[PDB]
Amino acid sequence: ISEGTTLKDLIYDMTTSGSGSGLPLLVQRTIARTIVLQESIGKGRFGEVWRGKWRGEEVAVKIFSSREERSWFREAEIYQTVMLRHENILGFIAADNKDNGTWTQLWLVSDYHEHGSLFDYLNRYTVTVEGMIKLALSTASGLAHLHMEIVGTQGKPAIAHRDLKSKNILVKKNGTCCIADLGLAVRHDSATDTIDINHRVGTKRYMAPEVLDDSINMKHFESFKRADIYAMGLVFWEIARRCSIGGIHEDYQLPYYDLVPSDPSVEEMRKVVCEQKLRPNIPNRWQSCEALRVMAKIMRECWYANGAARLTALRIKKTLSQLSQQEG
């Protein structure tokens, strides 16, 4: 990296230099070791997330606990599986490791987003009929691109998030989104039928029925995709539940807030979800706007106690991409 070089220069050189490959490790190494950390900006599942600048340009750094190294590798590994890059998927910049033994430091660097997580966004905000769609349409677009299975040269294998939720989604300045945190992600090769990975992972609350009650067929890939959809549905709930059509809107709430306690359990969920077959209360008066209803329609077609019945990211993308046309 010679003088004058900017992150902007590095990103461009990559996203236009043959293979969808990232920057050379050597370069990633340099970037990481020269990032100037600003301050911590979040914790969670595995590792604390910091805000940092490289030669001035903001950037996001996810510093891992030496103990959660597996999550570290899975992300780095998965993002470096051909052209995973995508407008609706968090942009990988570099991955690095320093020190050794008990004090090994593992870092992942990504793009920075002032607006932060969809979760922190929906909390301190009230979206419009407009945005409510950009947010969902994009989340959909992304999940669609992840589950997609571009076969061929630099095509991408099928990918299942396994931990999709509001905290793992970020929003940009123009109101779009992008999935994040592939720590649990799972690849699936079609030319050999496989899946590099393995218990009951992911955030309890957003867990789908087939997983909560343990019966999910981990041998069939689609099964995972199905679980993603169910979650994305809970996410859509969170979004619209915060839309504001004429001053009217409900306080931000996590799925199953009024049912299960704060920070649920695998047992406390198997109850409210599997058995009692309960889903986020779709506001009655939610049948005002045509689009606002299209959502609930989908939300219902995602929460089916049967994975096989639920829609698909692609489909959801289409009907949403459509609503984008007519509405607004």
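Definition used throughout: the rigid core is the maximal C-alpha set that superposes within 1.5 Å between two forms. Positions refer to the first chain, counted from 1. What changes on going to the form deposited in another entry:
- Only one entry in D258, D99, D251, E114 has its C-alpha moved by 2 angstroms or more between these two forms when the rigid core is superposed, and that entry is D99.
- Once both forms are fitted on their core, a CA shift of 2 Å or more is seen for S66 between these two forms.
- A movement of the C-alpha atom of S215 falling short of 2 angstroms is seen between these two forms when the two forms are aligned on their rigid core.
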Contents of the next structure:
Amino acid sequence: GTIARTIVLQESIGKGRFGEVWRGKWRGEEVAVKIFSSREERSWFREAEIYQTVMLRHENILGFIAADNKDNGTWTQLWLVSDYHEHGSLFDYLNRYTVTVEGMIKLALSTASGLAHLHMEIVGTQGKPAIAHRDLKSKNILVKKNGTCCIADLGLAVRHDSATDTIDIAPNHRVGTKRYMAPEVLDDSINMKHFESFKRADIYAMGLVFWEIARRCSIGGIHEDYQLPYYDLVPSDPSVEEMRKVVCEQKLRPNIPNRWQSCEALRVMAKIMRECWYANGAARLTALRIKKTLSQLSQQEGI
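Take the protein just shown as the form deposited in one PDB entry and give its structure as the form deposited in another entry.
Shown next is a single chain and nothing more.
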């Protein structure tokens, strides 16, 4: 179509489960293009559907431009065009850099603000359904030039119909990255007919991402090396069984260093992590509550 024909692909930057991500140029500006083959049409269409949800746009949600198709004369490519963020993922950012107390708060509050907007139902003519991500992780969050995050990779999301309390694609199987799966997803006790259960599982995963950020917070030159949550307990690419034995049976969570109590911002962060990590989803903080707590902290620090 009219958009893809005017885009020039400059570099393939990532090759994932579904689709390949490229850095392209559109009307002189850098954009990201996720490309799917003809046999991945269902995944492409579902991601285009989620990104076109009414009232989705938010500073902490990846900005979607358009779906399109491009025929090179041999095969058709299915495209999803979105804003480009040079820093890439929060995972890449945390591996490359340490952050200040200000930096940590900015990354955490922006993530929580984006998740609170996804989770929020807006009632009305141009209403927004509540959405649960189902695959929140540091590799699925991007960092903007201004040091704030935006949630990306929304292709596995589910949307709620509040009038009937039903889910648009009626999920009946576990999806997502195994390392970030909530205890109830790992042991399959989650009620997949209950939308609020998917919101609570996203909060558990957000708590894990907060732990990744807080390790990289450098105060008086003291910080931890970058690690994925559970690096000390499971192998790379862990199985559901490996994760379940640690999270559900032994009931372990990532370690919270006692020295995080020595700094007020790290103390607030550690308390949020614990209150995201409860085995009972109903006891977890909401994204809106976390946004409120971190907003109070950002105001105190003068960010």
